[PDB]
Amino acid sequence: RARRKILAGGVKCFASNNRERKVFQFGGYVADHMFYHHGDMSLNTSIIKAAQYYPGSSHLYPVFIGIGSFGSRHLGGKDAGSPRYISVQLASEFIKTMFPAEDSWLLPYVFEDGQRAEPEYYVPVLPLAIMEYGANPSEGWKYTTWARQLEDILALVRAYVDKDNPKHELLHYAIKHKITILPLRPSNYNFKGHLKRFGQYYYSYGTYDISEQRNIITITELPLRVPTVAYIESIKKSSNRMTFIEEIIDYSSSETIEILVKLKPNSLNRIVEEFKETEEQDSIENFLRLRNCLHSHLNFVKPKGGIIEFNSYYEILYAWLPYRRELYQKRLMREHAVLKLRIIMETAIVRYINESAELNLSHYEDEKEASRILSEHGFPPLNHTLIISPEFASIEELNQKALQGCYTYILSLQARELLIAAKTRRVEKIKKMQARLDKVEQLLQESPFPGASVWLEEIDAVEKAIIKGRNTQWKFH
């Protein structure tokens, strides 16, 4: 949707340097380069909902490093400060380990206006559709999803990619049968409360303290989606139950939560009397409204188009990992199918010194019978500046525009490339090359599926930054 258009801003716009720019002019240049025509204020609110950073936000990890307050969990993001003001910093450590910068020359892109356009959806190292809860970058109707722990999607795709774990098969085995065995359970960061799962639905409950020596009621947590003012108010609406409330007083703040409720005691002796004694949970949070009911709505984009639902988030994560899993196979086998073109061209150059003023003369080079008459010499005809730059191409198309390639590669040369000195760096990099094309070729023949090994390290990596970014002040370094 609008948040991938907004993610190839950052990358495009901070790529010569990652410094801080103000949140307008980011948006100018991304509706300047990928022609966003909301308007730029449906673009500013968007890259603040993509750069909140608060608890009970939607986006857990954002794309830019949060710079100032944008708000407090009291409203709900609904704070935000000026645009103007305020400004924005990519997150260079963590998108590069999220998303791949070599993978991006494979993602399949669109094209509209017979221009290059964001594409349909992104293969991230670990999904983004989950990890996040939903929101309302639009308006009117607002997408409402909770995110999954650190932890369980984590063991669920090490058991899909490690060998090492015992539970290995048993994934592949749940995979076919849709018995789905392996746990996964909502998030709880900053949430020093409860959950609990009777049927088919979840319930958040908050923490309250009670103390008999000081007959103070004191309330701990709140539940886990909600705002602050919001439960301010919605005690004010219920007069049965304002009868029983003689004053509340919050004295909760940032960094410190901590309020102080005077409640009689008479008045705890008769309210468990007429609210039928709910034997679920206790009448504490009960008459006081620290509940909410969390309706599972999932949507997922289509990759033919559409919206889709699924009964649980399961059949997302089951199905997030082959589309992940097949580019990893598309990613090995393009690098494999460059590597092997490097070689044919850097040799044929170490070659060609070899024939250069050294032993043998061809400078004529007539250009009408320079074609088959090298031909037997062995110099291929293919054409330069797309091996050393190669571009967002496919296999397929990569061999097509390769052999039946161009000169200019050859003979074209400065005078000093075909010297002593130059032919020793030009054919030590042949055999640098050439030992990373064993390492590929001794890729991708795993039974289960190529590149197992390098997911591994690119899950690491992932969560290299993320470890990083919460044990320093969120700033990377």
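Residue numbers count along the first chain shown, from 1. The term rigid core refers to the most C-alpha atoms you can superpose between the two forms while keeping them within 1.5 Å. Compared with the form deposited in another entry:
- Looking at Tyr352, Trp146, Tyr313, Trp320 after a core superposition between these two forms, you find that only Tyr352 has a C-alpha shift of 2 Å or more.
- Superposition on the rigid core between these two forms places the CA atom of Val440 less than 2 Å from its counterpart.
- Comparing the forms between these two forms, the C-alpha position of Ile420 differs by 2 angstroms or more, with the core used for superposition.
- Once the rigid core is used as the reference frame, the Cα position of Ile181 differs between these two forms by less than 2 Å.
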Second form
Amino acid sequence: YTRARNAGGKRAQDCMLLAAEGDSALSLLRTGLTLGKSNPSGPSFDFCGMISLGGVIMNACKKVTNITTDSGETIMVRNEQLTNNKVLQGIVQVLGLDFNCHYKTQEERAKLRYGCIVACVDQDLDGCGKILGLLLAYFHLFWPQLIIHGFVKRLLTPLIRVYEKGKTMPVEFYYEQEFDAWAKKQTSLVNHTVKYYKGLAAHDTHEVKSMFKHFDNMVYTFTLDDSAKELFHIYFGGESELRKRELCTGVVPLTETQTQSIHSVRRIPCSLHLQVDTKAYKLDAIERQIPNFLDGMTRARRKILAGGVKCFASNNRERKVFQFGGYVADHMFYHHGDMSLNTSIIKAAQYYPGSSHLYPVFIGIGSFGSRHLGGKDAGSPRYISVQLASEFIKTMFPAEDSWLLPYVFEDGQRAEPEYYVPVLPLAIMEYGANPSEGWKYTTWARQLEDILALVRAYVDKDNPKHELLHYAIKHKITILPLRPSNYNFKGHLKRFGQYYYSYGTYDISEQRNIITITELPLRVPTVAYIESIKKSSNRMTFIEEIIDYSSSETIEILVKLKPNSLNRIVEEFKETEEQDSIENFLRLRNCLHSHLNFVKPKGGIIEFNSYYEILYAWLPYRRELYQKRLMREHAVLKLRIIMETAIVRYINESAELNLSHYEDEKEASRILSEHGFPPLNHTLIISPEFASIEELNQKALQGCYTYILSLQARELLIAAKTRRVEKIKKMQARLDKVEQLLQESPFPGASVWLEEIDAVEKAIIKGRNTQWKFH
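Right, the form deposited in one PDB entry is done; let's see the coordinates for the form deposited in another entry.
There are no partners or other molecules in what follows, just the one chain.
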């Protein structure tokens, strides 16, 4: 808070207020205020003020209760959690406003410390839409008359700026779709420099002084419509399902006349802002938080995996977590933050009984934390180190499969793939619990024997249940059972009704009166468990104390209780057909729930009921990916073999060709062309680098004779040429094998999936025997 000169004074109704979502915005606004000279309209430290929103603020909609409105008036009670928040009460004190007053007159408006609050956020997809969203939603929920009478204003900054050489006027485009339309209407992207500002601090000194010179412009007054209140309740309200039905549709872009009305006169309706920016943020947060059913993992997590694949390919040597996070932020264009990325890396590399990653993609060296703190006892990322689990990843996410995935394009540059679809569905093996903007994601691990039988029966034709499982595919029968995994769990799973329950085990010695529990349900970390068992009041009347002798990889907890209470828990706590008296006592029963909300590869939410739907949706994607990989391999291999044959023919012909007595490249190429040599680009044949079949053929119909030229002389020896003849023989044999894999009865790549299944389960067993540390 930098108080203005005439703040809370006589001229205070003419002042403004700057609301900054970040300290980068704080730095930009400080620079703009310290400009000073040549700005008769650009305000100085006076009449400006300053307030930092502290990142994400909370909405009052889910906090207020609206109780005791039966007295003929609707009174709203602020939450006790809402009252003591620092940012909200800070902006209340700064603006000098009161909740009870309804600012329907000019005098109560003049009571305010500032004349207009002008928020200033980044133009990234969150922020404006989120921070503005919750901010003006809170303002609408408490003081709609401020928004109606023009008290809230947006400081809209350019997102993408394109400069033409010799001209100093920006195009200052504000949306990605507008920039795409301008690029398509333009003939070419020549004599133009394109700059992306994914944050306010990206602006330079000349940039900030140019945009602050016209500070009277680019400030937009918010207006409230009659239909805005319904949108405010829908996007920010207690009823989550009410937004579910409007998070499955998609963002409606603004019409050209609406944008013209916005830019001609700066009156932004709240309904349009909620429908565009807030909805776009909500869709983005759904996509960035809910895992993909093909991946089983978050977009950030798949970005981390792609960065690890690119980083540890050359060398699997040790790397620190902060360095690896910087690497994947630099190379995969992660423009969000650093310590969230480091936290995601740490959680991905964690491995212990009850950890969310049953099959982690990273080998971890350092203190990642055991099951006692649930991964919260992990150390700092600067000294914790991670390396790539080479065998598990190389069997589980094959590079040949990684070529043919769809890829996410960021600013015209390649980034992490759209999805890694693996040989076994990680949406089934992994297990975690996330919230999102409208949905919840919960999964529990299935055993790697039911899923293995299911996939093998679907793929192998020798399994007698292959036809039966295919009939289950067409008719949703689900004959084979799916059971929760028993790995790292000495308890027993039970099924009742439509729910699975996990049970810990206990030993009772009545002559010693110690309740010794050795296995506990597979998610609660045994320390929050003993804190929760220390907060139950009735159990305080029944026990004496709790001692924990549990080390890494094992659990044993001894409970001392009153000698006369040992039977009392029988009468007070109960022993139903599903749980025992002691299981009710120590809360060793745990019902496991599944909320199977996933994001489609297109981008939308798909809901599921059981894991059979997950498996039967994941199976076709691997089907056509194997199918496309096989004929891509066939085409690129026939191109490789014809190019190798051309090399051999030129090698055997150049002795009598005598091309050495030629001047330049054109004459040599003409001679090779009139000798009938095939011109094909060998740099697209030796290394194809994810080229589709039609574009590979259209690239290879033309080509260059550079494979004649770029071949080194050292291959002139006859033994080398015999080795290349043997290589040609092996390439033709591989072509025959690929062709006969294309024509097999069930589907192409039938036995192929068998050896990746065998390799994956062998590597899993190897890592499972040595605490995933391998070596």
